[PDB]
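Asks: Given chain A, put chain B in place with the hints provided.
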Amino acid sequence: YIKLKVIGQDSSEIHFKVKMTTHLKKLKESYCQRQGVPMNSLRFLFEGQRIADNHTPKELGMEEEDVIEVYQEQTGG
Amino acid sequence: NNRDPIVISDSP
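Here the protein sequences line up with chains A and B, keeping their order.
Here the first sequence is numbered in the entry's author numbering, starting from 21 and rising by one per residue.
Here the second sequence is numbered in the entry's author numbering, starting from 357 and rising by one per residue.
Calculated directly from the structure, the hints in this document are not laboratory data.
Ideal Cβ placement from N, Cα and C applies to all residues, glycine included.
Careful, some of the hints might be misleading.
[Stated by the list, open to error] A few chain A positions that, by computed beta-carbon distances, are all more than 10 angstroms from chain B: (1) 29; (2) 58; (3) 63; (4) 67; (5) 69; (6) 79; (7) 83; (8) 86; (9) 90; (10) 91; (11) 93; (12) 96.
[Unchecked claim] Straight line, CA to CA, 16 angstroms or less: simulated EDC-like cross-link-like pairs of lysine to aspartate or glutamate: (13) A/39 with A/84; (14) A/37 with A/86; (15) A/23 with B/360; (16) A/39 with A/86; (17) A/48 with B/366; (18) A/23 with A/83; (19) A/23 with A/89; (20) A/37 with B/366; (21) A/25 with A/86; (22) A/45 with B/366; (23) A/46 with A/73; (24) A/39 with A/49; (25) A/25 with B/360; (26) A/46 with B/366; (27) A/45 with A/73; (28) A/37 with B/360; (29) A/25 with A/83; (30) A/37 with A/84; (31) A/39 with A/85; (32) A/37 with A/83; (33) A/39 with B/366; (34) A/37 with A/49; (35) A/48 with A/73.
Pulled out of the complex, with its shape left as it was, chain A reads as follows:
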């Protein structure tokens, strides 16, 4: 699998174990559901760009133990 290291605001090493075949859409929502926040509230940043709902770990250049950031959106949701 692919372990994505998400940088939490409280400095947490969130290790998301994703599957190389599933769209990041299901991963993005699952992250929100786990933290107890609605989707569109947090933006996932990868290489400066933000992961879209139609993005897959196959593109961009995602690898094992990769680093991904998460920040709150200006809208809050």
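Replies: Then chain B, alone, in the frame of chain A:
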């Protein structure tokens, strides 16, 4: 350390 591994379920 504060690393937590998350495993989800792949479903359409």
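Asks: Take the hints in turn and mark each one as holding or not.
Replies: Status of the hints after comparison with the structure:
no.: 1; hint: 29; result: holds (12 angstroms)
no.: 2; hint: 58; result: holds (17 angstroms)
no.: 3; hint: 63; result: holds (18 angstroms)
no.: 4; hint: 67; result: holds (21 angstroms)
no.: 5; hint: 69; result: holds (22 angstroms)
no.: 6; hint: 79; result: holds (18 angstroms)
no.: 7; hint: 83; result: holds (17 angstroms)
no.: 8; hint: 86; result: holds (14 angstroms)
no.: 9; hint: 90; result: holds (13 angstroms)
no.: 10; hint: 91; result: holds (18 angstroms)
no.: 11; hint: 93; result: holds (21 angstroms)
no.: 12; hint: 96; result: holds (23 angstroms)
no.: 13; hint: A/39 with A/84; result: holds (11 angstroms)
no.: 14; hint: A/37 with A/86; result: holds (11 angstroms)
no.: 15; hint: A/23 with B/360; result: holds (10 angstroms)
no.: 16; hint: A/39 with A/86; result: holds (13 angstroms)
no.: 17; hint: A/48 with B/366; result: holds (13 angstroms)
no.: 18; hint: A/23 with A/83; result: holds (8 angstroms)
no.: 19; hint: A/23 with A/89; result: holds (13 angstroms)
no.: 20; hint: A/37 with B/366; result: holds (11 angstroms)
no.: 21; hint: A/25 with A/86; result: holds (6 angstroms)
no.: 22; hint: A/45 with B/366; result: holds (11 angstroms)
no.: 23; hint: A/46 with A/73; result: holds (8 angstroms)
no.: 24; hint: A/39 with A/49; result: holds (15 angstroms)
no.: 25; hint: A/25 with B/360; result: holds (9 angstroms)
no.: 26; hint: A/46 with B/366; result: holds (8 angstroms)
no.: 27; hint: A/45 with A/73; result: holds (5 angstroms)
no.: 28; hint: A/37 with B/360; result: holds (10 angstroms)
no.: 29; hint: A/25 with A/83; result: holds (11 angstroms)
no.: 30; hint: A/37 with A/84; result: holds (9 angstroms)
no.: 31; hint: A/39 with A/85; result: holds (13 angstroms)
no.: 32; hint: A/37 with A/83; result: holds (12 angstroms)
no.: 33; hint: A/39 with B/366; result: holds (8 angstroms)
no.: 34; hint: A/37 with A/49; result: holds (14 angstroms)
no.: 35; hint: A/48 with A/73; result: holds (8 angstroms)
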